[PDB]
Amino acid sequence: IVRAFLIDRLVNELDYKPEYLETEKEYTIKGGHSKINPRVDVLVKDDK
Amino acid sequence: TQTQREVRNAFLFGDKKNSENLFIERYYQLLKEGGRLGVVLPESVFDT
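As you go down the protein sequences, you meet chains U and X in turn. Numbering-wise, our numbering puts 8 at position 8 of the first sequence, and it's gapless, one number per residue. Numbering-wise, our numbering puts 36 at position 36 of the second sequence, and it's gapless, one number per residue.
No wet-lab data here; the hints were simulated from the structure. Keep in mind that a hint or two might mislead.
[Stated by the list, open to error] Mimicking DSSO-like on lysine-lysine, the simulated pairs with C-alpha atoms at most 27 Å apart in a straight line are:
| # | chain 1 | residue 1 | chain 2 | residue 2 |
| --- | --- | --- | --- | --- |
| 1 | X | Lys32 | U | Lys35 |
| 2 | U | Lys45 | U | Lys30 |
| 3 | X | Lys32 | U | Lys17 |
| 4 | U | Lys30 | X | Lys17 |
| 5 | U | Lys17 | U | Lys45 |
| 6 | X | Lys16 | X | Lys32 |
| 7 | U | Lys25 | X | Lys17 |
| 8 | U | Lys45 | U | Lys25 |
| 9 | U | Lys25 | X | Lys32 |
| 10 | X | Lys17 | U | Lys48 |
| 11 | U | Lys25 | U | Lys35 |
| 12 | U | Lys17 | X | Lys17 |
| 13 | U | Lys48 | U | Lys30 |
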């Protein structure tokens with residue numbers, strides 16, 4: 001629920017294009033501990 | 001402007017403003033190993 005609200009506010013209230021957005025990005029480099037290969041919750045980018 | 005900025009991450013030569021040439025890159029992205037390509041490209045690809 002909070003993730004969905006964050007996505008809505010970022011795309012609309014924060015005026016960030018929805019294409020420049022990722023939800024889950026697995027990393028087998030063991031970037032911490034979320035799952036067996038920890039992932040992200042929200043990520044937004046510029047044209048790179 | 002916005003369209004060019006939104007696409008200059010999926011193509012090697014997205015920075016160059018020759019968007020006509022982007023189709024050939026898309027053709028490579030679509031064809032599987034061993035596929036066949038047939039196009040009607042203008043002479044500028046061949047001579048300029």
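Against the 27 Å threshold, does the CA-CA distance of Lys16 (chain X) and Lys32 (chain X) hold or violate the hint? holds, 26 Å
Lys30 (chain U) and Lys17 (chain X): Cα distance at most 27 Å? Violated - the C-alpha atoms of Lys17 (chain X) and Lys30 (chain U) are around 39 Å apart, more than 27 Å.
27 Å limit on alpha-carbon distance, applied to hinted pair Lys25 (chain U) and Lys32 (chain X): holds, 26 Å
Holds or violated: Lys32 (chain X) to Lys17 (chain U), with C-alpha atoms at most 27 Å apart: violated, 31 Å
Could you grab the alpha-carbon distance between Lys17 (chain U) and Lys45 (chain U) and see if it respects the 27 Å cut-off? With a Cα-Cα distance of about 9 Å, the restraint between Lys17 (chain U) and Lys45 (chain U) holds, given a limit of 27 Å.
Hint check: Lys25 (chain U) vs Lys17 (chain X), CA-CA at most 27 Å. Holds or violated? Roughly 31 Å between the alpha carbons, so the hint for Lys25 (chain U) and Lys17 (chain X) is violated.
Given the hint that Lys32 (chain X) pairs with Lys35 (chain U), test it: the Cα-Cα distance must not exceed 27 Å. violated, 33 Å
Keeping to a limit of 27 Å between CA atoms, is the pair of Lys17 (chain U) and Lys17 (chain X) held or broken? holds, 22 Å
Given the proposed pairing of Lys45 (chain U) with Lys30 (chain U), does the C-alpha separation stay at or below 27 Å? Since the Cα atoms of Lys45 (chain U) and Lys30 (chain U) sit roughly 22 Å apart, the hinted pair holds (cutoff 27 Å).
Hinted pair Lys25 (chain U) and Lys35 (chain U), Cα distance within 27 Å: holds, 11 Å
Given the hinted pair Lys17 (chain X) and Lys48 (chain U), is their Cα-Cα distance within 27 Å? The given pair, whose Cα atoms are some 17 Å apart, holds under the 27 Å limit.
Quick one, are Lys45 (chain U) and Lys25 (chain U) close enough, alpha carbons at most 27 Å? Roughly 13 Å separates the two Cα atoms, so the pair holds.
In the structure shown, a violation is registered for the earlier hints numbered 1, 3, 4, 7, in ascending order.
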